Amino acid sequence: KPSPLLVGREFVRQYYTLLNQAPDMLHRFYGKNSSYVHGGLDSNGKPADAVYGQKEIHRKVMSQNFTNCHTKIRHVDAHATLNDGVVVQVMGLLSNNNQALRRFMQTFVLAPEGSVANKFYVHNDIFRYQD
């Protein structure tokens, strides 16, 4: 009954709000079969690779040292995929720790959690800056 856009828009609201308010809980959007693919180099200098599941996604989020991270959403697209999922494409700008803005895109695939009605989790998250 909820349209894919009603789901996707509210997801984007909650996700980027939590990224700003409590990044140490962002992993709770994800599940055991989730993949989190945030592209680019750390520094460090090592290349980016997919991390799987809540526990590892939590460790990866914490390694990114998000502080007061702000997002300017410039466009959201959200469509029904198969099996009652929702695919979301976000285009925006992100400022972490009050640093200069950078453009990004982020693709999510949201999947029903199964038991609770209209509960979704993030099955796929692919993020890349456009530098």
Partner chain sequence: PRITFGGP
Second form
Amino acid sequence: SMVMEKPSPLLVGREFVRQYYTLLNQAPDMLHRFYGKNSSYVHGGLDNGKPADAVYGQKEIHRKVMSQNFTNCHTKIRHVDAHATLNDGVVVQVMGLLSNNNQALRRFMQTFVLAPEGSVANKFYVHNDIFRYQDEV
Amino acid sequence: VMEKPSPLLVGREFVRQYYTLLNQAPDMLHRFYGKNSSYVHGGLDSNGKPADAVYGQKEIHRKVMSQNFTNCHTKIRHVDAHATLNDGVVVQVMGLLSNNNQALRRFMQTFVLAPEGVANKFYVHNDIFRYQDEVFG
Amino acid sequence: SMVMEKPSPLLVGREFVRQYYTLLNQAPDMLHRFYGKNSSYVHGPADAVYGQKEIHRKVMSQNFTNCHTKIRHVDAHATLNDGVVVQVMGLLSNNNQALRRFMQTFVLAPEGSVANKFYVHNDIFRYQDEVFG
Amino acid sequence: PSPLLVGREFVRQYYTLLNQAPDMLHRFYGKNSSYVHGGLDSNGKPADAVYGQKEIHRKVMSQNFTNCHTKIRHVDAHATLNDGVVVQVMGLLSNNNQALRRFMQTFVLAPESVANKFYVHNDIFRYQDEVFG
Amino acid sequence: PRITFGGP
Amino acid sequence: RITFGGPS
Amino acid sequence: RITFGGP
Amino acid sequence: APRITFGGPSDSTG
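Show the same protein again, this time as the form solved in complex with its partner chain rather than the form solved without its partner chain.
In what comes next, the whole complex appears, and the chain from above leads the way.
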């Protein structure tokens, strides 16, 4: 037998970043699996040039993910902060560069709130996902 | 004029008050935080790595005071805010900050605001602030 | 022959209201015909959507069934680009729910290729009861 | 800035000015601008809109706005025609320290010469009590 | 022509 | 910044 | 009135 | 203890 301390916020965060950006490249059509009924997703200010509202739950998020046409998504992660927050959650701030559809790497930040899934030990879901490119602003 | 609160209004009002206080009375900033609050404001350690977060009002008071905020000027270019776990508000901030009348430095920041437990009163559970130049530079 | 002035904003607005809320009751599946590629639609967690396709999807989502409307007042004013801005104040019952006070804001723009043809550039709906308290 | 940010900032500035100096509200409007602020005519019919700064100023001064208090419950704003912004507002307005009165309002804001400067092309305001009551 | 409605 | 006023 | 301050 | 994993809670409605 072997007992260790609960995974740290930083371990949960770093493992989350590894799986999230891998899936974005490899199977963006499977990213929706990370989210639950009450999850919010926000990816940039503008979509066809129109202001994009937050969407909620797996289906609307799957749709929003599919609409962004993630193809050949290359990510360079430069820094990850992950801290304990409300309700045994983890707040993550990612700083990195992202290329979609062979466009040039652009600086971004991404804010996530991760929450315990509730039924499986060390399992989390994404409650909040907020992406912004720096150039945007 | 009174406005019915929303997460976005809470977040923009918060960012205004925080950066006003950072300019006018940085020595009072620590009053936004509680015992389990996290705080980092960029910096590189003697090893060239990103500075560690500190926890709780006493450490945060020490850390803020150690930053020597003098005539701090901020240009906020992006604020977004969403409801999160336990009636919290997660806030994403991007902008420029000039300290001690030096050059403006781009930053990427995440707050988690939590109900203080006084109606529509919030404290800062988490303050993640990084300068782009120490991460991307 | 007979030529009349341009229809006034309020004549365009009243005729719009008649056709729109009739179609909401009779065939909500045909409401998408009122919109263009650049139109905006929100039936106020609701996200705004753009274009006939996404608007059709949102309208079909609302499952408009047995929709009864009492229009209490229409305002319709000339606006930008030979448009008409319309504010409706009314009561709406969907799916046999109790009549609830609403407003609806429309911007109607000329369709361009036909005289006296308009489409819905902007459609913003909100129930009162979910705003006041 | 987003349509919502433009719309929310406008609404705060408008209702602030209505309290501090309603005699200066006319400054937001142009020669083709429309304005109505509720009211019932001598036949009990909703009052008519007026057009242009002179008549808008006359109508505003007619309201005798005194110490007005405003509760903004809902603001929705979409991009519209010609880089304008259509704003839907629901809230409560108290005049001369009488009871708060529910209102339903639509603005169309349009680019003014100066960057991110807007004027009010249309101001449609109705009190619920005169329309549903 | 009477007042009519539809997308372009 | 965002400003408001009628055209000249 | 929305306000800010620690526990 | 199982390793760190990610996914939404059970929803048989969706």
